[PDB]
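Visitor: Read off the chains here:
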Amino acid sequence: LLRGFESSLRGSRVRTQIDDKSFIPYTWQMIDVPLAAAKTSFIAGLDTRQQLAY
Amino acid sequence: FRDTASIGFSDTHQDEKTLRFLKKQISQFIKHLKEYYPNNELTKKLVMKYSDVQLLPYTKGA
Amino acid sequence: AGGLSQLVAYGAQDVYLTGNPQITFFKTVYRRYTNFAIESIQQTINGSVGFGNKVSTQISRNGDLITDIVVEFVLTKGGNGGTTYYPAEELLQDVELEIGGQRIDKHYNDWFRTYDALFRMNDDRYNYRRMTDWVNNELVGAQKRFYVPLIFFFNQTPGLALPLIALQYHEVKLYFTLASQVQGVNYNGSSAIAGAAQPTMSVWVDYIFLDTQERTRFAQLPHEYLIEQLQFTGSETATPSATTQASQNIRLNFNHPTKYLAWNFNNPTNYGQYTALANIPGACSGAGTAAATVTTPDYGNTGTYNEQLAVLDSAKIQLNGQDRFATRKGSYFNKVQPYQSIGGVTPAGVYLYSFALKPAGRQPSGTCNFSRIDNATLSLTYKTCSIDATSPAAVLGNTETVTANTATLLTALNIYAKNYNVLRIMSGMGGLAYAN
Amino acid sequence: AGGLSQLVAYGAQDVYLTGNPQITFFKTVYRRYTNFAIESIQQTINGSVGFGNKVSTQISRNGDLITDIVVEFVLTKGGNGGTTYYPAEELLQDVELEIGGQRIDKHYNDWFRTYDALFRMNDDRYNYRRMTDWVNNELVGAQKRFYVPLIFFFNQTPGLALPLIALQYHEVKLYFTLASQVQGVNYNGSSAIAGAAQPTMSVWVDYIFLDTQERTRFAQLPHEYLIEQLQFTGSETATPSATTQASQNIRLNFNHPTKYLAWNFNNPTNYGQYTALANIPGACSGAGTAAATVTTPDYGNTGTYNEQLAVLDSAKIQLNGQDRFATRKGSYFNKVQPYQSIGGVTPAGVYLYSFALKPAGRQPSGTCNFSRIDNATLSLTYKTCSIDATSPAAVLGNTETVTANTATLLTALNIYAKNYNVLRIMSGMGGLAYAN
Amino acid sequence: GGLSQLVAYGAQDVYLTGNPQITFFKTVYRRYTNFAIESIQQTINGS
Amino acid sequence: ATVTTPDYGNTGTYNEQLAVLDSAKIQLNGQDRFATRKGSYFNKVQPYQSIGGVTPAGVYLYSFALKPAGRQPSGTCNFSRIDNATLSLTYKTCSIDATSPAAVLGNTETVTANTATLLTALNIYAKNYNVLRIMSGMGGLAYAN
Amino acid sequence: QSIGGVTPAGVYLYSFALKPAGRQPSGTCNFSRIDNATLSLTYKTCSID
Amino acid sequence: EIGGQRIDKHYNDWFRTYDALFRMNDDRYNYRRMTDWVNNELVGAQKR
Amino acid sequence: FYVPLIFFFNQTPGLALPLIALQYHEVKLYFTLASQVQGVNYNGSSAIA
Amino acid sequence: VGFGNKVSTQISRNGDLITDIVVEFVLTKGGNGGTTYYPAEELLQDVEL
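Chains as they are written, first to last, in PDB author numbering: chain Y, 115 to 168; chain B, 5 to 66; chain X, 2 to 437; chain G, 2 to 437; chain P, 3 to 49; chain E, 293 to 437; chain F, 341 to 389; chain D, 99 to 146; chain V, 147 to 195; chain A, 50 to 98.
Please keep in mind that the hints were generated in silico from the structure rather than gathered at the bench. Errors might be hidden in some of the hints.
Some chain B residues near chain Y, calculated using beta-carbon distances under 10 Å [as the list claims (entries may be wrong)]:
(1) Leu23
(2) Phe25
(3) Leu26
(4) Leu37
List time: in silico BS3-like cross-link candidates among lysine-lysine, alpha-carbon distance up to 27 Å [what the hints assert, rightly or not]:
(5) P/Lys28 / X/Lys55
(6) Y/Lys153 / G/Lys107
(7) F/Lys384 / D/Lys145
(8) G/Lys330 / P/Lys28
(9) X/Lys145 / F/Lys384
(10) X/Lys28 / F/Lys359
(11) A/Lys55 / X/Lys174
(12) B/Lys48 / B/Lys64
(13) G/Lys359 / P/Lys28
(14) Y/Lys135 / G/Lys28
(15) E/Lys419 / E/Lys336
(16) A/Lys78 / V/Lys174
(17) E/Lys419 / X/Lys55
(18) X/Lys55 / E/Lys359
(19) X/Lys107 / G/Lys107
(20) A/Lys78 / E/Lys336
(21) B/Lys21 / Y/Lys135
(22) E/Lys419 / X/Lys107
(23) X/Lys107 / E/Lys336
(24) X/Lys107 / Y/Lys135
(25) X/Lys359 / V/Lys174
(26) F/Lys384 / G/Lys28
(27) B/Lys21 / X/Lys317
(28) G/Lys107 / X/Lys28
(29) G/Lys28 / X/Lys359
(30) B/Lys27 / B/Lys64
(31) V/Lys174 / E/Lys330
(32) X/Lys55 / A/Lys78
(33) E/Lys330 / A/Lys55
(34) Y/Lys135 / X/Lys174
All residues carry an ideal CB built from backbone N, CA and C; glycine is no exception.
Can you make the complete structure from the sequences, with help from the hints?
Guide: As structure tokens, this is what we get:
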């Protein structure tokens, strides 16, 4: 109790406890919906405008 | 010609580590209450805390 | 005669130059690229625009990638010629980069001046000044459109453009903190300029639209970007007037594998003033005439290259109680490190020490990971501020260890660190891989 | 509308630019590197430091590789403003590199000035000036610390760092000859400045510390470095006075693969004076008023870009009795060669001719191997030197084949050639691959 | 000196100095097709 | 009236204009713990939010806990593992002439009385948890630092 | 953004390319496939003496 | 704008033109009622 | 001035609103500001210039 | 923001759960002592979730 106790000694206060770990499991949500990227011509248009014959 | 085998700055015997060294030792020995260990077991701690080397073998011939 | 007379000059040492050729210089090879188009689209700014106001924008998903961002301001000058010093950027006190609720970076008005002071050179420094200041002796009442390009990690090279197509859930936002005091527009020194107009601003965002084969890839694969961050805290300085050269030992609070450390000594009242004022050409208002005063800069020339008016005598970085390099004089950090590492000119009062071979580039080239340092301290020696600022005979005729008495006004020290980190993006969400 | 519209118009002309994409510009993949740290360490200089003395220093092997060296001088100016012209470099008369007792390279104060004059460019050269001269109209008695970075094959790119870790059997050291005459510090022209202070000198070296895995390999493996070195001998000019255009045939003593030759016509008494003096602003002391004298420069502006004050009319290089090119006038070599080859500006009186496509780089890009050429000459034609230097009406209002009568002071000729060699490191010993 | 920095290899650095791919201090140059450069005068036809 | 001596028995006040703090921020390892807040936040808002009492002017608190007034653990900042904790202060400009009530009762939060420069001592407290262990007649702190 | 230099007054640039100053293709608009390419200008009122 | 793509874009003069071309009778008058002062209102009058 | 709100999730942590569990629902607050504030811009019904 | 104006805000999803919300105002009074009565509270005309 008097001399076998726990304390905080330098090296145990190293900044790497933050700089080795992400905030990602702490700031991210749980999103089950997939990403919806799709073909460009579907939105952009079909280029239907008499392009020059070569 | 110089004949100086040692390079000339801190590398091989110097153990240039940061004080995080403390957690490496705690991990090696497993318990956070490190204070009692080297008071009772010093040899194992000294053996596990020093560096190795690499050699240079070149010659020209007689 | 001619070229044929030299081709024949072939000897044994050419096996290292022209032996078994691998490259021919005169028929090069180009690489075909994924088709893309760049469109500059206006964003909507939330909040009231004005002096001292804080406004923000939510970046609309107008495209697949986002890269260059430019913030424009409209300012009316309230004074005559030579009364402003980059008013467009000083108006913008900081910009916060937030992706999905987590801040990734933050830049400051003073950092923009420091970054410009170090890493931009030649025509880009002059253009930047054109983009942020009045440089043609314009007079009172002149009004113009200013552009303050942003420098977040994804703002200078397409190689780090953020994948909005892969950030379909998390929003990206920029918060803009505007200044209450803008020299020559809203205030002249600390004196308010009656009738000063409120600024008008807009945020320009340049979007890249990709073709099908790559854009669906971006939304398919997880991504990891090796990015830059800025770290910043302010410090108070100890600058003596006489009999001594003070020491100061500032304990640093930096983390991450750091590319370089840069700092400047400033007068918090006069934006961009990193040197003492003196009664010499370009060093103070009215310099060289009977009306000269060393309390007010000749603002259009606030920046100088005359280190005699700078206050740092020497500095060293000490890590865990042992010096990182032997003590260097203040001029090493002002003249030599940017020569070796950037290739530009750093004005007096701005100092740089690199850990990197090429800190101006984005290719990783050496870092100091301060998360592993238990005691990171910047030790400073100041010059003695005993030289009479109003007497050119002394201001330009003194020793290396002394500077002007007006250097005692440089009470704030701004210490910046630029470091690497990794940005992770997947399933529409993003965030910073290593916290801090 | 917008970027999508541009993507829609995709057709045949895009197949060779984008069809079957090979690259993207928006997902740049960085490379991972070997851990290293950089430190600047000062060494001990063996020899007495002072005007006219020779000193040397052994590079204390405080690291694994040597990447850069910056020489520092502390000078007190002995004259008024505008009386100095690169005084740190004039003092740094000659720097010689020795590895294992053998001379590797030598660089003279005039080479530093010539290299600065025609190869170093941008704000980087202005900053260079900041490091070696007084650039803020400073007054007599001012003390300033100067930095002169060295320009040996190893100083600018880390890929050529000196492998001292692998040279355990040899010393690496440099010899420094200090000038006895430094303009504006201990002499004004040929007249001594009483009470001038002796310089203070130190040499700083940037050491690379490598990690365990890479330094093991460097120490155990043999290495070969493809390097550049400077060949130089000074000679004499053939400048005429009136009625003629002198010719000179200079037998060259260069060998090894040369990437360029460069030369200047100088006044050996006034450091850096590569042109004639004249009564034009910045062209001589007192220029523009009645006190103008054309025997002494207005030193702080010793260098000029007015080619009419240059003495060379035309030049040709001939190899083995046949012309290497048809004769060009002097302005070609002063204005066009550096435009085509390096993309910079060269001041009047300094000339370049290159063999390399990019002579400023390290990657070989064309060389003339003067070890397999038996007789190489430089043919010069001089301008007639009949214009009265004291009348700007005659100097600023005349033709190309004439110059000022004061051009006859440019009596010393310096022809430089830089070429390739290979530095071999085997069994702990270094040495050159090719002799002569 | 710099050793206090060099030693500090951590978890975040696997993205920088882990599993090295390149070295910055040993450059390998590419050998090129032998060529010579000259500039000569053309005849201009016309007044 | 002598503005250098208080009417001692009524020394405590609730008038924020006589309080020193313009703003405060707590920063942990170079990273802000929250954005800078104005001094009245620490004097009045958090005591309302987490304690339920009234704090006189010049006394400030920031909580890490839902119930800092209680004994039940309710949220803690473990300073035994944080390398650098810094409390950043911004002062009000002490330009008001304390002898003129028209000025002291008629100004904004960023200024205070000239007599404020007498408040020369800064006292910052931290209250925390540890465990007191008792075994076979012996007692002691398990976590002492 | 596209070059990294300064352009004098009266000279204007709009790029379709990331690095128009370089030779490596970095983004193009093919005006052989656009039927109506128009540059619309607004002029300043030239009222100042 | 639908998903980053422009679908339509109307200007004030188009609204005037449309009101001039396609709205007729009571609808044009009620439009007027919604966008202007139609009762000789005086300085200071405010309307939704 | 600081005006705390007194909604169901404002006074006790036990009813804290879990944005984390509302991934797809954005939470908005509407604020209507009074036109007349006694002693600030009106004294009774009389405007304060 | 202003007298008689209506504004809204969208709570930024920075955390996991929301507890208290405090709306702050900066007001300057135009009256004498004893001429105001919870001016920040009446300014806050209404709040909707």
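Visitor: Under the constraints set out in the numbered hints, which ones does this structure not fulfil?
Guide: Numbers 5, 6, 7, 8, 12, 16, 17, 18, 19, 22, 23, 25, 26, 28, 30, in rising order.
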